[PDB]
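Asks: Residues per chain, in single letters:
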Amino acid sequence: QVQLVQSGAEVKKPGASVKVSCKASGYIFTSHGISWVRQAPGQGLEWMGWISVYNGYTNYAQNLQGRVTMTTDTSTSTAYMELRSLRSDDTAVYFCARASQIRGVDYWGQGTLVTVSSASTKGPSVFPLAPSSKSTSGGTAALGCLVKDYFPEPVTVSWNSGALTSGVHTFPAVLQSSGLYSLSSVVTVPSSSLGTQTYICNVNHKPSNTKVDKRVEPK
Amino acid sequence: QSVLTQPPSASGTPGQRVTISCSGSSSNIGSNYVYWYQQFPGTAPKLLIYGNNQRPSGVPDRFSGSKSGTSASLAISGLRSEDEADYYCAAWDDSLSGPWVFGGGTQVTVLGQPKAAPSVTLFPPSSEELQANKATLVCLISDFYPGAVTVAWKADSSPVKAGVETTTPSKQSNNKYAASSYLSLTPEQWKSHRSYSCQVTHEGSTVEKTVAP
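For the record, the sequence lines run as chains P and W.
With the numbering used here applied, the first sequence corresponds to residues 298 to 516, in that order.
With the numbering used here applied, the second sequence corresponds to residues 2 to 214, in that order.
It cannot be assumed that every hint is accurate.
[To be verified] Here are the computed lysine to any residue pairs in the SDA-like style, where the Cα-Cα straight-line distance is at most 25 Å:
1) W:47 <-> P:508
2) W:47 <-> W:76
3) P:320 <-> W:42
4) P:431 <-> W:210
5) W:172 <-> P:458
6) P:316 <-> W:47
7) W:135 <-> P:451
8) P:431 <-> W:211
9) W:68 <-> P:400
10) P:431 <-> W:173
11) W:210 <-> P:315
12) P:503 <-> P:400
13) W:47 <-> P:431
14) W:172 <-> P:485
15) P:508 <-> P:315
16) W:47 <-> P:305
17) P:511 <-> W:81
18) W:155 <-> W:68
19) P:431 <-> W:152
[To be verified] To list a few chain P residues with every Cβ distance to chain W over 10 Å, as calculated:
20) 304
21) 309
22) 310
23) 341
24) 347
25) 381
26) 431
27) 441
28) 455
29) 457
30) 458
31) 466
32) 470
I should point out that these hints are in silico values taken from the structure, not numbers from a laboratory.
The C-beta atom is built at its ideal place from N, Cα and C for all residues, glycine as well.
The shape of chain W in the complex, shown without the other chains:
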């Protein structure tokens, strides 16, 4: 659907200059102004570059835009963790695809951050939930990097396959990652086992927390 073409991903380590290409044709980039946007999860896009290469208020000059022929480029100099976001190009377009077109977005990852094993907290069902004849175990996984984990659940020592829901890791305010997993059970299942465990695998090694009724 996007008329302009950007790479789906770009990456670098801190202090690198990362470039993101945006290609189109004569009716858009070739003849018209290009714009760039930064978007963080859950937030609106923010204008980063207008008019091919101008920075609006508050955008620091380590972001630079350029254009040549029918392709444009955003350069993120001095890369740092706060630059992890999606970046979109856009342009006016004089063809039938116009009047305004977007690229498909580029997700920027910043590598070379300090590795960190996860912290795991496992909450039992609350007394309130049990009194409502339901039960959820809540496994919260925090302060890890890189942002990838797997979660497995056990009842006593037996693997539990059903009733599990697991979120994709996302960044904490401190730029490390967190994730969550839930196990739904009946109150009688909760009460009838000696313990339940959540086992988190990160970078090949595991951290497992156990709770007991």
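With the rest of the complex left out, here is chain P:
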């Protein structure tokens, strides 16, 4: 029942600081250390440092040149990592993880994507990909939603508030020349269901604090 829950993805300007939090549960917070590990998109894991929750000792990776500070709050069972003087080469998923001598770095938070960019947040434009006789192939029909022109990553998509999952595929985003992302989510459904079944895609873009629920209806 060990869980580490991190704060949400963030976009930051070069030269700014970011403070990521990590809430620990399911064990005695002071009984283990907390480490932070970052991962640039598509790349490997890089150790940043660790802190003893119990006694405050810290050790930081030399390659960060002193820009990271780690802290904890025993009262709220939360650990924090602050990275100052950000640059685009700091763009990464930042992970919190529990650390100890025997079990090593054992349980990890879900990760927090920090994008460092001079561009401002932008929420998506969501358009329906409507089912029609042309999107139907022998008993199954495809329908979807197009999530256009947002920044930064990530976006999440569900269907019917999570009730519809079998036959759903959400594609990876592409970074267009404009510096904005686009992605699609598609559901394959029985053609017979097109009447009397409803379909809503629920798009969440936490970086811009935008949620869109888009109804997808036959043409």
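Chain W: place on chain P using the hints.
Replies: This is chain W only, laid out in the frame that chain P set:
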């Protein structure tokens, strides 16, 4: 940057035992515990082995770790499609490179899966997007294996070079692959041609879908 060395890739067919090496030196693997992690796309690493060869809760014993001298090995027995992931080794390190070091990761592929030609669906621009004076054709490619395609676009019969964006295939929930391609056009370009097509090539053969305004 990684202090420990792993092969970039490893592969096998179902039911094979695949091994992944992790090499270092006396200050890390030689003198200290080794750890292994499994990471699926978009997810956090998960501990697979701790203390050289121990399995934590929930890790089945077909995963085994070992170490000898300054190198360690992960053995994935009973290989199966759900094992496709990145695997990382790690160790404590007593040198100036320490206190904790990683390998660079190994991507595991599972070969010998059933071949499958792609299904292609091509969506026209939505009425809503057209009313916002934009137009995107959306070509969705599904249920194929192996996970490699090329996508070409045509306007009537003429190749379209500009305005295309194409994603790398990734796995569906059923372990087959899917990919996507987009063509950005003006509404007048969309309306002024008799049709547009998306042509997908997979394993030497092509599936092409056409849409018309």
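Asks: It remains to establish, for every hint, whether it holds in the given structure.
Replies: Outcome of the hint check:
1. W:47 <-> P:508: violated (30 Å)
2. W:47 <-> W:76: holds (16 Å)
3. P:320 <-> W:42: holds (23 Å)
4. P:431 <-> W:210: It holds: about 10 Å lies between the C-alpha atoms, which stays within 25 Å.
5. W:172 <-> P:458: Distance of about 23 Å is within 25 Å: holds.
6. P:316 <-> W:47: Holds, at about 24 Å.
7. W:135 <-> P:451: Measuring from Cα to Cα gives roughly 23 Å; hence the hint holds.
8. P:431 <-> W:211: Since the Cα atoms of residue 431 of chain P and residue 211 of chain W sit roughly 10 Å apart, the hinted pair holds (cutoff 25 Å).
9. W:68 <-> P:400: holds (16 Å)
10. P:431 <-> W:173: holds (23 Å)
11. W:210 <-> P:315: violated (47 Å)
12. P:503 <-> P:400: violated (34 Å)
13. W:47 <-> P:431: violated (43 Å)
14. W:172 <-> P:485: Holds, at roughly 16 Å.
15. P:508 <-> P:315: Given that 25 Å is the threshold and the Cα spacing comes to 24 Å, the pair holds.
16. W:47 <-> P:305: It holds: about 20 Å lies between the C-alpha atoms, which stays within 25 Å.
17. P:511 <-> W:81: At roughly 38 Å apart (the allowed maximum being 25 Å), residue 81 of chain W and residue 511 of chain P break the hint.
18. W:155 <-> W:68: violated (56 Å)
19. P:431 <-> W:152: Distance ~20 Å between residue 431 of chain P and residue 152 of chain W Cα, so the pair holds.
20. 304: holds (14 Å)
21. 309: holds (21 Å)
22. 310: At about 26 Å from chain W, residue 310 of chain P clears the 10 Å cut-off, so the statement holds.
23. 341: violated (5 Å)
24. 347: Non-interface label on residue 347 of chain P violated, nearest chain W Cβ at 8 Å vs cutoff 10 Å.
25. 381: Holds, since 21 Å exceeds 10 Å.
26. 431: violated (7 Å)
27. 441: violated (7 Å)
28. 455: holds (14 Å)
29. 457: For residue 457 of chain P, whose nearest Cβ neighbour in chain W is about 17 Å away, the distance exceeds 10 Å, so it holds.
30. 458: holds (19 Å)
31. 466: violated (5 Å)
32. 470: violated (8 Å)
Checked against the numbered hints given earlier, this structure breaks hints 1, 11, 12, 13, 17, 18, 23, 24, 26, 27, 31, 32; the rest are met.
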